[PDB]
Amino acid sequence: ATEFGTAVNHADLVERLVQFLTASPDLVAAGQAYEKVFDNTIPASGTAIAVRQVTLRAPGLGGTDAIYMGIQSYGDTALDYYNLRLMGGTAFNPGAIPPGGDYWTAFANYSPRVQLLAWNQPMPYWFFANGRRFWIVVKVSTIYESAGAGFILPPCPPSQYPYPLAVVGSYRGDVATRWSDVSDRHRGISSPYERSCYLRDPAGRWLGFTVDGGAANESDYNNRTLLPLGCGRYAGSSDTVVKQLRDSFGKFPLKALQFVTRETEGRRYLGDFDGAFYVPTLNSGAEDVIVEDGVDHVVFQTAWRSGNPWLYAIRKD
Amino acid sequence: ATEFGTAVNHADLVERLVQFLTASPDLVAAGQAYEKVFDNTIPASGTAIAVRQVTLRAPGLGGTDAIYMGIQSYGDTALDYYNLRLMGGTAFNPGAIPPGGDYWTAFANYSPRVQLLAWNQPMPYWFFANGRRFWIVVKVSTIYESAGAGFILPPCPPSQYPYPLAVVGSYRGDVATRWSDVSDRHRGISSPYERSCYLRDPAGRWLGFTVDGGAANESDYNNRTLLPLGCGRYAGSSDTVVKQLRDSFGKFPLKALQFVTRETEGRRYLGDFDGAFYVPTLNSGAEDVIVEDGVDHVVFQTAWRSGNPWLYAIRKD
Amino acid sequence: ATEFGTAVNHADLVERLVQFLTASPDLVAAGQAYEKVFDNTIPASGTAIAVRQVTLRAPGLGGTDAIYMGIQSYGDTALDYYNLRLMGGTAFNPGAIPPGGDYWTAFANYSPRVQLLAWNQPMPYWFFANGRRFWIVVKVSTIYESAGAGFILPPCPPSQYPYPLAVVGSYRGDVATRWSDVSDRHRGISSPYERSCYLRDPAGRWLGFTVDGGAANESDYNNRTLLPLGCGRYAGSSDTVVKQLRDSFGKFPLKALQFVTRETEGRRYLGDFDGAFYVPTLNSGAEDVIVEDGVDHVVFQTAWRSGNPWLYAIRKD
Amino acid sequence: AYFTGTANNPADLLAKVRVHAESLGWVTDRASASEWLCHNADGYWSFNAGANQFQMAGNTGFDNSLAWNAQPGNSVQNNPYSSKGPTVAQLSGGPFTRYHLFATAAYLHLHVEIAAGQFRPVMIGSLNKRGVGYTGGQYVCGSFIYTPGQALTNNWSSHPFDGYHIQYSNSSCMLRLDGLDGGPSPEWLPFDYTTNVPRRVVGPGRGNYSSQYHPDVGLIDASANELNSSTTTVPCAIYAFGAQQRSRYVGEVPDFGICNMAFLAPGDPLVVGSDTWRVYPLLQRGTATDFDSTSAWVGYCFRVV
Amino acid sequence: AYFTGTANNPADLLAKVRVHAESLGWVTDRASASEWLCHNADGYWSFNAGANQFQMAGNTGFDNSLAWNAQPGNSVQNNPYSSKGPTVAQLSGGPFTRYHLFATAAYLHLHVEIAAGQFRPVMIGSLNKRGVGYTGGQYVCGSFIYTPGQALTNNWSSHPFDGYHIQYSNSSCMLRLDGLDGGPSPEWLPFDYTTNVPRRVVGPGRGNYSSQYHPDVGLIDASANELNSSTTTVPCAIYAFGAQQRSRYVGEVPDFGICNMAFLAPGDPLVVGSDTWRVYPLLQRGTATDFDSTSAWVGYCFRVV
Amino acid sequence: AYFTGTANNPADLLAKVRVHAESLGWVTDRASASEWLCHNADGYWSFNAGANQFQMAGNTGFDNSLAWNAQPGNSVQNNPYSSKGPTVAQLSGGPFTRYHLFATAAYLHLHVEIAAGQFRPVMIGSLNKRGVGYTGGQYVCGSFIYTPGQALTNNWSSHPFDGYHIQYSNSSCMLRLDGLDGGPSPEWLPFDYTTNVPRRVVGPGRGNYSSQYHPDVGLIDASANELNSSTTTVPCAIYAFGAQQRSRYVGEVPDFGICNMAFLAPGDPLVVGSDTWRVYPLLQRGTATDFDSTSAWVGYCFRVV
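These protein sequence lines are chains D, A, C, E, B and F, in that order. In terms of the authors' numbering, the first sequence opens at residue 2 and continues consecutively. In terms of the authors' numbering, the second sequence opens at residue 2 and continues consecutively. In terms of the authors' numbering, the third sequence opens at residue 2 and continues consecutively. In terms of the authors' numbering, the fourth sequence opens at residue 2 and continues consecutively. In terms of the authors' numbering, the fifth sequence opens at residue 2 and continues consecutively. In terms of the authors' numbering, the sixth sequence opens at residue 2 and continues consecutively.
Simulated from the structure, these hints should not be mistaken for lab results. By construction, the Cβ of each residue, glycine as well, lies at the ideal position given by its N, Cα and C atoms. Wrong hints could be hidden among the right ones.
Label-pair restraints from in silico Cβ distances [to be verified]: (1) C/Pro158 with E/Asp30: 45 to 55 angstroms; (2) F/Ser24 with A/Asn94: 54 to 64 angstroms; (3) B/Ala2 with D/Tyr164: 33 to 43 angstroms; (4) F/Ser24 with D/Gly214: 33 to 43 angstroms; (5) D/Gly101 with B/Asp43: 50 to 60 angstroms; (6) C/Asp202 with E/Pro270: 23 to 33 angstroms; (7) D/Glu219 with A/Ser46: 44 to 54 angstroms; (8) F/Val273 with D/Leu80: 37 to 47 angstroms; (9) C/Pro158 with E/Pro96: 41 to 51 angstroms; (10) F/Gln91 with A/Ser46: 46 to 56 angstroms; (11) C/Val296 with E/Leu25: 35 to 45 angstroms; (12) D/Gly47 with B/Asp43: 55 to 65 angstroms; (13) E/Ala52 with C/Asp297: 51 to 61 angstroms.
Taking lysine to any residue pairs in the SDA-like style, the calculated list, with each CA pair at most 20 angstroms apart, reads [stated by the list, open to error]: (14) A/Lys252 with C/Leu80; (15) A/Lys252 with B/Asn129; (16) D/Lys244 with F/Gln246; (17) B/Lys130 with A/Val296; (18) F/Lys130 with D/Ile291; (19) D/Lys252 with F/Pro236; (20) A/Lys252 with B/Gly134; (21) A/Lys252 with B/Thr136; (22) A/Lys244 with B/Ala244.
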């Protein structure tokens with residue numbers, strides 16, 4: 002369910018990801034492996050690297066769910082990027098693809114894409130996966146790219162909301178970006194900004210979450226956020242307890258990350274991230290491992306800055 | 002299930018409504034009668050008429066549903082109105098009411114109110130009711146007030162969306178208005194404007210529908226509408242077929258009224274009005290009865306104008 | 002002098018009007034009947050109803066006056082209207098009509114036309130008439146169309162101003178309109194707007210009166226108005242006593258309607274409407290009858306709105 | 002019916018008008034050289050003559066042991082104002098040029114030319130019910146001047162039957178209306194418009210001022226006809242505002258009218274029908290637009306019999 | 002009911018569909034290798050196969066001595082256009098990838114995949130009267146392509162049941178409506194909107210184009226549900242405009258619907274109830290906003306039995 | 002575990018709760034009709050009953066010769082305030098409508114309905130260490146009302162676990178944290194935010210006030226779900242601020258939660274899992290935005306066993 006390694010390049014990294022998803026001893030032994038329903042290379046690469054497209058099916062822990070995910074590799078040599086795009090869906094039909102175009106429109110209730118930024122070189126990598134959600138982290142020198150997707154844990158019975166799919170990536174997948182981007186929009190899971198985290202509503206409509214407001218973003222998402230890092234809504238000062246959080250006598254407190262929406266129509270709590278928490282920076286940093294109740298947690302930081310409010314831990318199991 | 006009459010005043014009109022809902026021979030014989038879970042008069046009337054508050058429970062046709070509705074009478078002699086307010090909900094708890102205030106906040110996922118405009122005098126009235134939806138129409142001289150609420154008919158199995166509750170009234174219930182209002186906002190069911198029709202989303206969030214845009218209204222509802230009268234979105238001219246519709250060789254075509262939402266997240270068809278259709282004006286008008294396949298339909302028009310696009314028929318069964 | 006009835010259609014309505022004007026027992030017994038000087042049907046109806054043209058002569062109460070009036074029926078099936086046009090004049094000569102064209106240009110000092118809006122169907126109707134003035138009201142569902150014409154009562158001897166002819170209609174007769182018109186211009190006698198009431202000046206020049214200003218209307222009429230409903234000229238607020246008028250202990254006060262002109266050249270009071278007054282709305286409405294000093298008065302309201310400032314009573318004698 | 006006279010001091014006017022009232026059967030409950038408590042079949046009134054002004058109040062009952070402003074149901078304490086002041090008519094020290102008095106069994110009207118071009122009205126009576134069933138209807142009006150030398154008809158001034166004034170202490174006229182909106186019968190409503198009090202009354206008093214609140218104002222402006230130089234009488238309708246801001250027409254001023262005096266000189270009569278009219282200016286003769294220094298061309302018309 | 006086959010040339014399609022019609026009782030008044038004059042209890046139709054296209058026309062009577070486009074009451078001469086042209090369906094030279102044929106006693110529907118991703122519909126039948134009393138109702142529709150290589154669905158293009166097109170010579174579909182506005186019974190109204198002719202007809206043909214004139218257009222856009230991935234059938238209502246610009250609803254297309262193909266692949270079925278649906282794209286698969294080079298995601302749905 | 006009763010005076014509540022504690026093994030070092038010095042394995046507490054209020058203090062040792070507010074390590078002298086005041090819970094004179102008491106070996110919770118709609122909490126215990134190694138953790142909370150008749154939850158008011166208040170004399174709750182920043186072990190940190198003292202503590206006490214300082218506040222606002230009408234429990238995390246302004250999470254309140262009472266009536270239970278919840282309003286039932294006159298819709302939830 003966990004792999005730490007170094008991939009020689011982005012293509013080999015994706016190969017290792019799929020080999021992990023299909024042949025990890027835990028996955029095969031428990032029968033939780035994913036199914037590749039689609040794999041193709043449609044475009045004719047010009048001054049660009051080959052484009053891989055994959056669509057996989059996950060059954061969930063109980064074997065009664067239906068999860069559909071899609072991955073893509075897209076690169077350009079002149080601008081020197083080898084981006085990896087991700088998306089989620091509920092149904093798939095290769096016959097639905099219009100002539101030319103792309104296949105990601107064939108997904109029923111298709112969601113927009115997210116991505117992670119890499120290039121063709123040896124890169125240290127960290128994969129986590131469980132029958133309901135996958136997490137990817139990559140160490141690019143002193144920067145850490147991170148993304149993933151899967152089901153959140155709502156507080157209500159699955160019988161009426163069987164499909165709590167969330168997707169999160171470091172930056173929006175609607176534009177091509179170079180991983181040397183230093184803009185504040187290039188950030189991590191714990192703090193989405195400008196279309197960096199989407200969640201599917203029980204009504205079937207995808208809603209975007211952002212921890213901070215933005216004029217370029219649409220008005221509707223301003224009301225829905227991740228509260229833990231979004232304490233600024235209620236506090237009347239820039240500096241709050243959350244940015245000044247620090248360990249307690251060597252014990253690092255793990256704080257769950259929470260989805261919340263505060264609309265005019267009504268309120269609703271949606272759930273928590275499974276295996277992701279907030280943690281402080283001082284005296285610590287990425288690659289650290291902390292053990293709580295016999296369960297280990299790894300540390301990571303966002304590309305823009307490594308400050309207190311931009312540092313999250315992921316459960317490794 | 003249908004009653005045509007003349008109520009001596011608004012209080013007697015409400016009394017006749019409740020007597021119809023509990024003692025109509027069809028309702029009692031088929032066991033479809035509603036339950037009054039609450040009835041009260043909290044306020045101390047000053048220069049105002051007595052305020053009645055009622056909350057009733059409907060079980061639906063199959064006896065397995067749970068429908069909660071609330072009605073209110075509110076009047077002022079100095080301004081001379083005897084308004085009737087309406088609202089819908091899913092749960093009720095008299096203990097949840099805060100000290101003072103009002104009880105309509107006790108409803109779980111409470112929706113804002115709609116209303117109908119009347120006064121203390123003999124008024125001709127038309128009631129329609131079925132285990133899932135009720136419709137009220139009142140003839141005030143040459144004007145026709147109309148409202149109602151109940152379940153729409155989605156095209157999907159009830160198992161996952163058991164609760165398609167819609168409420169519609171002639172004008173928004175957040176302000177007090179005098180039935181002599183001649184503004185364009187005072188209109189009917191077939192054409193909501195400025196918070197005159199709400200529908201509950203499967204996610205549990207109430208969405209408002211309007212056939213025409215409005216700056217004072219919130220931006221979100223601009224995208225969701227009733228298409229039949231909202232043909233202006235796609236047409237490139239003011240005059241369209243819908244406003245020029247007319248009968249065909251004496252046959253009056255009944256056109257179903259449709260909910261639709263066109264959001265950025267995704268599209269979804271919600272359903273139809275059960276027993277409400279659009280019909281033309283020329284050579285016809287309100288109080289007319291037209292028979293199709295042995296089923297009768299009555300005609301009505303909106304208070305503002307009686308033009309072609311403001312004239313709807315209601316099934317009488 | 003008064004008739005309440007229901008005409009099967011517009012043609013039958015006009016027939017009943019003329020039969021009333023010539024054979025009402027009061028009119029014939031007192032010798033006040035009008036003379037039909039002209040009756041014709043010139044046009045070749047295409048996709049339109051037959052056009053009747055009538056010109057009648059009234060002698061007045063004293064038998065020494067000379068009043069000339071003209072009525073017309075004009076309809077179109079495709080647009081579905083059966084309008085009735087009206088005009089007034091002092092002289093008539095069938096030989097003066099140019100080839101083709103129309104006869105209403107033959108009137109000496111011809112005035113533009115007004116009208117009432119009806120259609121081919123049973124319609125309840127109310128006619129009032131006296132040797133000097135006639136009034137027509139029609140109940141179209143919840144709307145009330147109204148028009149008329151005759152002599153006003155100036156405060157000066159008739160010897161120098163023998164000819165105080167006024168004509169009033171619900172809407173201007175220079176354009177064809179469909180009675181389902183909901184625009185604010187469709188209104189009643191007590192409040193002319195956009196060429197809905199004309200009065201002949203002692204100089205022989207017709208002047209138009211409007212209770213509210215209008216850019217499309219000519220500048221000259223902005224200065225002359227009906228003061229009672231035109232209180233806004235001197236008041237410094239939108240809400241005034243006139244719109245808040247209400248009955249007094251069950252007694253409904255009748256207020257006379259007044260012509261006034263305030264020109265730069267000079268001022269002049271012209272007179273009052275004979276048998277028309279303003280009355281409030283609250284607790285009352287059209288079809289009501291109120292008795293003052295043994296004389297009855299009927300109530301009516303304008304098509305646009307039935308608010309306080311749009312509600313007038315007509316003497317029935 | 003119609004009396005004319007002269008008076009060097011207000012006390013002389015007072016003595017003469019009481020003599021006239023007594024000669025006509027008016028009942029004076031108590032009389033003095035300066036203070037009056039009188040009544041008729043319609044209502045009770047109290048007057049007091051100051052050095053240069055008259056103080057008037059309405060009444061509902063009599064008590065000889067109470068001061069002039071302390072009678073039962075007096076308007077001083079039973080009015081919506083916080084100031085609680087009685088009616089005032091501000092006169093001058095004299096000598097008065099002349100006085101014109103109209104006396105009847107139901108009302109008393111006075112117009113005093115205190116000096117050349119300076120006139121003061123003083124009005125008392127009961128509105129013609131015209132068949133309307135209401136208790137009260139007694140009206141008492143005086144005249145107030147803001148400040149000599151400056152704009153005499155300034156915004157703060159108040160006039161008989163006025164519909165617009167700014168003042169927190171005194172009123173220029175007042176009207177009885179009993180039992181309005183369920184209150185105690187004794188209610189003495191003043192002519193005020195800006196206090197936003199739930200119950201009040203309004204009239205055409207100021208004539209055709211820019212901010213006068215009455216729908217018949219245009220009639221006064223149009224009271225003159227240029228084509229034939231004819232003038233007409235406009236009834237002086239009074240309006241009442243209640244708790245729900247719903248107005249009620251209450252009546253008209255008996256034998257009284259207002260008109261434009263553009264083409265008439267003071268005292269010039271115009272017999273309209275069998276009844277004869279006497280017209281006099283309110284305060285002084287000026288021009289059409291002099292609403293600051295004089296009373297423009299507003300003229301009060303009384304039916305002389 | 003539902004037949005599938007292949008054809009290297011239009012003549013082969015023609016021969017096969019006549020064989021199918023004859024096997025089903027369809028009455029062919031006159032037959033040839035390239036020209037047909039046929040009829041049923043509802044109406045009369047005439048077809049001719051060109052080198053790379055089909056020419057279709059309606060008919061009201063038969064004459065063996067008259068050309069294919071000269072039958073009694075033919076649409077060529079009895080239509081409001083000045084050009085006087087018959088119905089055209091512009092095909093290619095082949096070979097055709099496949100053809101799918103729906104045959105019934107009252108109507109005949111054809112969808113030919115001429116090449117990979119290239120599809121052409123050809124529709125004939127009579128509208129379901131639904132109890133409405135009118136004579137005629139026979140509809141004949143073909144497919145027209147403006148120019149290969151450029152915007153294929155350009156504004157000048159015309160499509161079956163189309164509600165918006167610019168063309169002065171040919172029409173893509175036509176509907177019979179007899180005795181409209183007192184005219185002679187033979188009247189073959191085309192689907193046009195810009196000619197401002199007194200009498201005409203309009204339909205949802207183009208689907209959800211920016212300038213499509215039909216009030217049900219939004220339903221097609223909303224034909225797909227994101228929450229449950231469910232798709233519904235939208236009746237294809239047709240509208241008629243008369244002399245007084247007063248419209249009249251005329252009926253719906255039998256066993257036919259339009260939907261959005263965003264989440265469906267060509268031929269993917271979705272059984273709604275006991276009846277089964279076959280969905281195919283109009284012209285070619287593209288993206289949501291490709292209204293120039295392809296037919297976007299509009300999908301035609303037929304009830305398979 | 003869960004007791005209910007009535008009391009006409011605070012002394013009765015006091016007697017009953019001591020009887021309950023003694024029946025459960027609680028050790029009372031010294032008892033009287035009005036004053037208590039008691040302790041358990043976790044800490045030492047002292048209470049005194051006034052005429053209309055309760056005075057509470059923490060303790061670290063016992064001396065029978067010292068007053069109620071003079072025990073060793075008492076919070077009065079060992080706190081950062083200059084005022085040096087103990088914990089206060091301001092009650093009324095009674096009679097009290099009812100009282101609801103939760104008793105355990107480690108903590109004691111009380112909620113007294115003093116009058117219809119008027120409720121006062123009184124909380125004592127020790128925070129669940131959750132494996133965190135720190136000495137102290139004993140918390141004592143009372144309820145304070147600013148002024149009756151005016152804004153009851155005004156800014157100057159203080160509440161249990163409050164995160165925002167303005168007051169220089171008394172505190173509404175206090176928490177022990179020993180040896181913070183190298184100071185002497187006895188340290189009784191109050192819940193204050195504006196004093197800028199180097200060491201202090203903060204909690205979610207006020208719920209969802211406009212100026213409440215806690216990052217979990219939004220959870221309370223979102224504690225209710227509109228789609229399914231479901232309600233969840235939010236842990237009441239407490240925060241501590243040290244000398245370098247570097248915060249440290251300290252723990253959560255045992256068996257306690259806060260929620261929104263919009264769709265619930267007082268006392269309405271919602272069993273989440275095998276454990277059962279009792280919800281009651283803090284001060285009184287009002288509306289969503291009534292943060293001045295009442296406690297809005299904040300509800301305290303206790304796990305009933």
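Structure-based check of each hint:
For C/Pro158 and E/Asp30, the hinted distance range of 45 to 55 angstroms is satisfied, since their beta carbons lie about 50 angstroms from each other. Checked against the hint of 54 to 64 angstroms, the C-beta distance between F/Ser24 and A/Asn94 comes to roughly 35 angstroms, which is inconsistent with it. For the pair B/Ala2 and D/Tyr164, the beta carbons lie near 38 angstroms from each other, so the given range of 33 to 43 angstroms is met. Checking the proposed 33 to 43 angstroms range against F/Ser24 and D/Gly214 shows it is violated: the Cβ atoms sit about 56 angstroms from each other.
Separation of D/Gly101 from B/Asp43 is about 41 angstroms and departs from the stated range, judged on CB atoms against 50 to 60 angstroms. Between C/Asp202 and E/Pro270 the C-beta distance comes to about 29 angstroms, which sits within the given range of 23 to 33 angstroms. In this structure, D/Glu219 and A/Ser46 meet the distance hint of 44 to 54 angstroms, their C-beta atoms being roughly 47 angstroms apart. The given range of 37 to 47 angstroms is broken by F/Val273 and D/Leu80, whose C-beta atoms sit roughly 53 angstroms from each other.
Taken as a hint, the range 41 to 51 angstroms holds for the pair C/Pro158 and E/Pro96, whose Cβ atoms sit roughly 45 angstroms apart. A hinted range of 46 to 56 angstroms for the beta carbons of F/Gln91 and A/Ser46 is inconsistent with their spacing of about 37 angstroms. A hinted range of 35 to 45 angstroms for the beta carbons of C/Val296 and E/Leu25 is consistent with their spacing of about 36 angstroms. A hinted range of 55 to 65 angstroms holds for the C-beta pair D/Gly47 and B/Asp43, which are about 57 angstroms apart.
Checked against the hint of 51 to 61 angstroms, the pair E/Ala52 and C/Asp297 passes, with Cβ atoms roughly 58 angstroms apart. Of the supplied pair hints, the one linking A/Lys252 and C/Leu80 holds, its CA atoms being roughly 18 angstroms apart against a limit of 20 angstroms. Distance check on the hinted pair: A/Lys252 and B/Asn129 sit about 15 angstroms apart at the alpha-carbon level, within 20 angstroms; holds. A threshold of 20 angstroms between alpha carbons decides the hint, and for D/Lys244 with F/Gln246 the separation of about 11 angstroms falls inside it, so the pair holds.
A C-alpha spacing of about 19 angstroms is found between B/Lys130 and A/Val296, which places the hinted pair at or below 20 angstroms, so the restraint holds. Taking the CA atoms of F/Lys130 and D/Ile291, the gap is near 19 angstroms; set against the 20 angstroms cutoff, the hint holds. A distance of roughly 19 angstroms separates the Cα atoms of D/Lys252 and F/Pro236; the hinted pair therefore holds under the 20 angstroms criterion. With a C-alpha separation of about 9 angstroms, the suggested pair A/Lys252 and B/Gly134 falls inside the 20 angstroms cut-off, and the hint holds.
Restraint check for A/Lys252 and B/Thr136: satisfied, since their Cα atoms lie roughly 15 angstroms apart, inside the 20 angstroms limit. At roughly 16 angstroms between alpha-carbon atoms, A/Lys244 and B/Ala244 fall within 20 angstroms of each other, so this suggested pair holds.
In summary, the structure is inconsistent with hints 2, 4, 5, 8 and 10 from the numbered list given earlier, while agreeing with the others.
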